[PDB]
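Given as structure tokens, the chain that follows is alone and in the form deposited without the named molecule.
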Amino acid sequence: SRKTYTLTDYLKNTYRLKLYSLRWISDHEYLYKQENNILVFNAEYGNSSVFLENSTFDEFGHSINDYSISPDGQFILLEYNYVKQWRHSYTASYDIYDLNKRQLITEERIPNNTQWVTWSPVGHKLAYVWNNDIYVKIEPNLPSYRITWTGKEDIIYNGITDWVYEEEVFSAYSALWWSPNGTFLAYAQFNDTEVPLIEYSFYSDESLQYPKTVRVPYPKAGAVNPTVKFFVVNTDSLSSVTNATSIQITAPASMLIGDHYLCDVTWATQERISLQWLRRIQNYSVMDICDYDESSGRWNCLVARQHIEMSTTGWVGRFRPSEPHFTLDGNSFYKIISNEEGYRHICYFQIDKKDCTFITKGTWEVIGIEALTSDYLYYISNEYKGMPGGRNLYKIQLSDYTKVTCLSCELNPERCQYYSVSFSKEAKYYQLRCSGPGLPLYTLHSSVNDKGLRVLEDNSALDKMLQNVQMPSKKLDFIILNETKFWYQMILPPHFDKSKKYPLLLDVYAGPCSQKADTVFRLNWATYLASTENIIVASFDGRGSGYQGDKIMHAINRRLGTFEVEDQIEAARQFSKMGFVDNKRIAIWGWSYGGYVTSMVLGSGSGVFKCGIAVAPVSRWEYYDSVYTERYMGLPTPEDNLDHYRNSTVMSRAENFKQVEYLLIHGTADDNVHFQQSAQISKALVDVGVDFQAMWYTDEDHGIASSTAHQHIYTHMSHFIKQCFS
């Protein structure tokens, strides 16, 4: 009775999840769009009004992939001709539509192939990067001022990150920050002059006679890194005749002594900006708080407002030092730092006092700070029910740290255990986003007394569709290893029979600070495996895992490829003895870091796994970028950690692959985990006489996400799994 969730339903996305993506434009209203017009809503009452009819651009001539309405409500940024680059970066074409006089601007238009564009936070000023240089437009129809003149392809980047900074530190292409009211425009400048280049072939369309060689500045472990500089320009002092002047903010001397990184920039006030720098050895970081000197024009950072954050058990921050959240006057601030007990909690700082006061504590962690009002601090943590894989919104009274109130825990405990929030301009209202374990539920609330205003989207449509299908269940529980408990999850086939022995696929990632066992609702490949192929899909979080304190997360410091792989094996070893797992049919697969662990596990010789699939795996740490690798492994030098670098490679384990069935998959145009990584694995397996399956995806990058390659890789992997299991 009832059909199952098939591979085709997954590949064709036949069971869609409804979202409610809104954009706050004030403290009272937000914008909501369908696949047509953009409506404007009143949070208090719920009523709306068309902000601009979908028709407006019927004969534009181009497909619009995104809009961006200025804080003024006066103009609209039209983005089209989207050309994806790396994970976050991309170039596109832009046009501005004057909302007032309903007309398209055609004078002094934004150049084509613009790398990045952003409105000011309050009016309608524009800042865009083109050809690695920064430009500013005070008025959409007036000419723009060139702010920088050093841009140079693959060499100098102004206002935009280079490859490694986009991927490993800012998780963005953008490298510029407007001040609160738009008076100042801060930006970073990267110099990749001496950064080695990764080179790989790109075949392109069949018509291309000779393959093209792609080369990008990419620092691998221990290689030369790009240098960085920081500047702040005043957008009200620029004219047509004179060239704008950018004031640089240098140092700290404690940083200039060696290699370092700019890891965070956050404006505190109209005239105060805070910067956080990190040494190449990501053990020590410094925060400068700089103020504008009206009667001098430059920016000074008082060594007194400078705060040091370092670590003795590992690196600093989850991936980088957390960002600060300042009080309105900018004289104090809050930020998430590790406990003396190893747990990340919110600490309160006076900008000119070295010691901070923790306002939260306990054996759980604060995920992030979401808003700050004069009376409350709102944050998300996994405190509730002591489960690390849960997320809930809380508020804490700034006058009594003892008064903590959970705003989402009780709304619907059975259906919602994972929340994210979106506050209005002055935190007068907020939207709660529950994404599991049940179907996603979006609601609106008012901060005065946290009264729930209404439901924005309950995904009832999808719910009706799903009762017609045999959906799998999800079990989130834990096991204890050496006193310490570690969580895991199991996507169980429909009508799970604890009597029967099902085959088990271990879906793994296990990279530092990862979490694969949570309460999130997901419709993916694992859903298909359990629902149609009756396969149990598990995930486990062992040493190195995040959101559980540094004792667990820093357990693999300077030692990647050890405990996180071992625990992965110990997990399935315990899983097999649970009674309903066929210990003769246990597999393992993973992508990127998960490909590394999958490979390391298959070549461990544990004898626990029959087969496994590795997609875009790392094979030896010297092949991966510096910022990420060195953060956990240090430098690959004899004086530092070279021995472990050479001891944690997949090829050193080639001989052990004789006992398993392996599938190695990799995209030839992977700019992240280079094909090189899989090429060396395959070569080691060949030199030892180990047979295995392989598949390359020409011109696909790290996500192997083209519509056809995506369908093909999961189809290929499905056949392999079924074959290993039947």
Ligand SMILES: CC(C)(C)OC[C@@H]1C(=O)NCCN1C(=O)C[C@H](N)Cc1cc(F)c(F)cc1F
Contents of the next structure:
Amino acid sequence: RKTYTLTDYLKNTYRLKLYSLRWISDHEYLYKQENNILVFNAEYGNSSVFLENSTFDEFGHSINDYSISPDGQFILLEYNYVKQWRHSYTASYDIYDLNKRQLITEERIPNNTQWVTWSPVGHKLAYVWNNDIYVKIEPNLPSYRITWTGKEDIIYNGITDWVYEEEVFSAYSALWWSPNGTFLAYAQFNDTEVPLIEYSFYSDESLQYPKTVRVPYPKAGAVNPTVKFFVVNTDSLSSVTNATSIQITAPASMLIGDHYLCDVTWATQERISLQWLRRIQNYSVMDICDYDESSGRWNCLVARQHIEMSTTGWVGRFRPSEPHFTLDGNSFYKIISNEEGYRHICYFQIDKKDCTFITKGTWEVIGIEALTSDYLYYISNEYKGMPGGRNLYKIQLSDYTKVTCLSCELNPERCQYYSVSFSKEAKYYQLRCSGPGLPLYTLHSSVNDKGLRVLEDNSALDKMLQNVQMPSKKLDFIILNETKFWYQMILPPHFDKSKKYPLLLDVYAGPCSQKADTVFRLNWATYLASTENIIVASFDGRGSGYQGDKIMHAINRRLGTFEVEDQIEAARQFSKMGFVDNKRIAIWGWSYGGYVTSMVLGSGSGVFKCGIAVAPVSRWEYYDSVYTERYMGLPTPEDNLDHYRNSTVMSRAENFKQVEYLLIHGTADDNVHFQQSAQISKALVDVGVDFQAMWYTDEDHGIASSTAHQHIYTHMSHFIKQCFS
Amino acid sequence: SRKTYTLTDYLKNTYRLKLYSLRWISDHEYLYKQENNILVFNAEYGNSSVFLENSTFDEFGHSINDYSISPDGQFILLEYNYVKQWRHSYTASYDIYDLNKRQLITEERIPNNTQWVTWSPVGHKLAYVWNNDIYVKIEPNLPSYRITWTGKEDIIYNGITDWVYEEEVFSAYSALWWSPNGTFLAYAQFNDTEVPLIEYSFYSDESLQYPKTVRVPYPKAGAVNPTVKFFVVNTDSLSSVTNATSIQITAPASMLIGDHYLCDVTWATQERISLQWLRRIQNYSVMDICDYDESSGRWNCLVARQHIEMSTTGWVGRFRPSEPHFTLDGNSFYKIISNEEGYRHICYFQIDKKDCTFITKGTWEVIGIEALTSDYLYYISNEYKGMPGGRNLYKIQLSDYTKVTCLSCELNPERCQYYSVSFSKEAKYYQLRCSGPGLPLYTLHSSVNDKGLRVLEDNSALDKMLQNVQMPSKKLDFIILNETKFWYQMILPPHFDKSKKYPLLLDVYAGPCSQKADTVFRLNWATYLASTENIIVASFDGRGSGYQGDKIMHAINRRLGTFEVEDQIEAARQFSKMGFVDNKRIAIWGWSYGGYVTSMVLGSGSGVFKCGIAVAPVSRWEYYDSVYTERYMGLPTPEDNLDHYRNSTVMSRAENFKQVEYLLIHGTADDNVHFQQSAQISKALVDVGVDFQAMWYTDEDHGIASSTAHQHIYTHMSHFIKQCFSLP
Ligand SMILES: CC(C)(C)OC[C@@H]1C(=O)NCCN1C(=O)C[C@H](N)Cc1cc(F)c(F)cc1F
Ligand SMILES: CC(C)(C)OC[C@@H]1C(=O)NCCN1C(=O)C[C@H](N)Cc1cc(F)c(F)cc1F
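Can you swap the form deposited without the named molecule for the form deposited with the named molecule bound?
Starting with the chain above, the whole complex follows.
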């Protein structure tokens, strides 16, 4: 009866099986079989080989990924993959003509391409090379150069810079096809005056001299990149004259100061929706711009604007939600925080200001998943009032009282956390259950909500897990100021509540974050409970999301206060539970969780014995502007410079004499720069506090390389076991 | 004797060694700082006098870092805003104070951001370097004359050295050399146009939002080196012409065939300057004595005055060809060179004669020439009692080299076995500086009879404090390996009992031509480990160490990381077989070169060592600068010695680190041994999955000498040593 060991987690012994499918039409999806790609008929479950690996085993390159054209007449081959940031990367591409059954060797896609994408229909092709946009009406024909101002580290056409990739759009891409591929909208970011963050990269041992990486990176209060938006007609590309792009400008209420482009969504074939967001991220405006044939220009009627603001904090969770327009584009549904601070779906009209909420309650709609003529499919945490749960719902557009949950009752014993993937027209949908039981994948029919087939049930994994002493998970809540605050505990096998165990507080506690959910996980905490009999707990206090703006906006303009104090208060109640050794309580966290961990260890509460901080934030003036300023405003005396200086971990170095501290950070961290940890170590030296440290050469914010990953979790294990004796 | 020497005592500097730093201003007088007030002493009778009261500048507005009085005693340079650059370079602000008027200058002042200042040997002329250019002030209050115009940041250095020359060649920031009487100003010019830049982050105070990137021209092994030119300008002509002409002195033809260095500048007379050049392959150097042609105003270097100093079994010199010591007429000089037996002694040269004659000989070496008179030549050596780790002052008679007398051997034989000396102007008096094995002792002497005039400082106050302290003892002895004496030292804990088993810490450096076992008395981290933690701190000078003959120093030639590393392991086994060493508790730590050796030792698989600490270590020799590395390893090309470059990396031994506890420490702002080197060590240990302890120090250089970091590193290393030795 072995236990889940550290080797199991580091070597991925027990692996969850997925069912990652991509919908091709309203009733077909592609699936990978390790040797080929199969086309599945959603209605009957039969399949047929769409493309076998014996088609590119002669290529001479390692196939990184494939991209079928919407009409299934070409495929895009990705190779020479080179990662950049969280989403950005670079690769080489080769289009394979499914009709000629051979590669396209004429007018090939250039090497070092930054982003490629088909049109929504047909086989048009837009790609970004050297920060300039190109369009191919045909894969074999020459490409049409759309932009000419592309310049590395300054001008970005069709691609996002660093801050927009990480904080706004969560993608390298800045291209938006029209529904039928006629128009191609894109954004232009300009980092001319944006200060560059510089750090050393050491590379392989052969490199005699280290290289200096420089990235345009606006820290809190620095000069942000400017943005422009354009739309070009891809049906009239002139082979003789240059392409003519039409610029859509932001509303007057946004040009008064610094602002952002935070959302782009096409309504109809000639109507596109833009959402702008002031640098003070509590005021946003949606523009609905239509095309005018007689003038070849895009106009955004003032009467069709839509303001979305907040007085308790920022607008949106991390950005204003995306709209879902109706068939005629004259109406749309989108998630906005209601009057009491609970985010729900509001029915909008293109012409009028007032919207009408179609959902209500002391819970939140996580996201709108699909929209049809009669139904609106969304995910929420309404079932059993558990904020850590996720279920799929359908609300009738003609009668808001007819709401139906499509996943609540399928298997309430093993499934409480759901995601979904709909077909092209939402005729079928795949449900992705991920807890508390083993993940489960099912295929359903939208017309009657009947379960067609079981795609993946992890029955093979369930069998192996029966021969290992696996830990349990306890999801509950405690009361703070007459408010429910949820927590979770990874409990060791054979848990005895009369026995006493060491407790480790696994923390993140970022704004709109959630560490207490019903998701089933096989992670480092699994090993700590199964093998080391350690209770690893997580707590969602003030600042956590999916529980209303009263809890989420509580940390507005005062990061590093309530969410830090609540972690201490929660661990304080944990120590008085009888099964927790109050002399052996630790706390560790990554990224924002490293900041909270360091602020807790420097709080002088005396509750924690030791703690680990991995790639932590130490001084909010060091992190990027879009994220920091969203919760802290500007670091100016006339704004919020007080909390900026009052919430550093360096100012608490003196209180680090009570605890054992392990500080870890990667030298190539483009996100939370090594500077942050270098200033923490320097402050502890100035006050004479001893501590443990560890850098990782050329590792980024993830420290995700195979060898480094195993090394850090091995090093942290020794630190924890040594602190618990 | 109840209290031990605690770690706190070392970090807080409870027991301070008393010093006596004097500055000879004339033939019989020197300056001395009593209590912020500069005193002038008469060596003949000891009576003093006030030269600058302590309140003269306590109302200056700035904290004075150091003073510099003109040789004629009419002015005094006051530098403030001192900011250390490299080991010797620094930037500061300066002010000239007129002594004949007791006022500041306030007119045509020395510009801010001045990189170097220096007086003329006589008078009160002034030459300084600003924005990589040279300026000369005839009078401290009159406008200055610009000598160079090619000065360019990080590209052209005029009057100052670049990073390599400062660290590896001249051991000084200054590249200026006044003529003896001050008529001529000889300077060097360095061009780092194509020299690659080392780049690393500097974070500064936490108020700085964006980390700063430091960029320094740093030629690593094999990279392109800086080029050098030499010039001489006549400062007496600055007044009558608008742009004085600087006469260039080119190097001999035997140096222009390839890359070379300028390794020594030494004036001989008022119109005779000698330059020593060195090929990039540092086994061939050439001295070039040049005279001033009063007729044509040029400098000519007669081929018959050349002197070739080479080596057939390694590099030439210790760290560089030694400097010559000319007589008054400048027609002959004495110089330290390696003899046919490989022992460095003093040779007597004539300006024309290619052959010299050695005046000293034996299985021992001369450390340096101190003073030269018409009668005697004073030098320091380790001849006494055949102890390579001892230092004594000798006096050899010029008219009969068989008449050699030791001036410090028998002064205090039990208390003093390590000596340095500071002679007066014409060597009429000298101060003997004793530094071990007993407490430091300073004495003044008259060179007429070498009579002990008086005791300037005897550390009597410090002696009484150490009476009620359990200080450690020191054993300086040797072992015989392959029929050769190799010396070692041990800091033995108090009440040392050979019937007991003690833990052993092996303090290592073992760089080429270095010495860790000597007679110097020290109050350092080793004193605490022995006095309080009962740990024996041992050091061993194996193959590669200096002051013992070329057969030992040149042993590791082109083989760094081999003989010196293995000799350290063998010394540990030798110490374990002595009886009083616990075999299961032997550690080894080292700084800089010692960190490299420590890492190579811990990655050797010897099984001798349980743990080890490496501070600012070298990882591979292709990461270190050219002039130092190539001197011992040649060029990292396949045709010469690339194989030994790649074979002696610590990364290549990463697998063996699974058998030891490893602590790696390095400062992020290390300009000497770049953080890159420790960054490659850790990344290699991660690639093979071996756990280890790490510690970076933000914005600390190769010394990690900031008050707070210094206390932090020795506190951190103490915990690691005590836990590895199971020490409570
Ligand atoms: C990216 C992620 C988690 C996968 O989810 C996206 C999520 C989201 O909801 N919208 C867009 C972006 N996003 C964020 O969380 C942005 C933050 N920069 C994440 C973050 C916060 C820190 F405090 C910190 F120190 C480092 C750090 F990286
Ligand atoms: C500077 C010192 C000690 C005070 O003595 C001067 C001494 C000398 O004798 N002549 C001139 C220069 N010099 C040297 O030792 C030069 C070396 N760069 C020192 C050194 C060696 C390393 F292997 C290493 F990793 C780092 C490092 F700094």
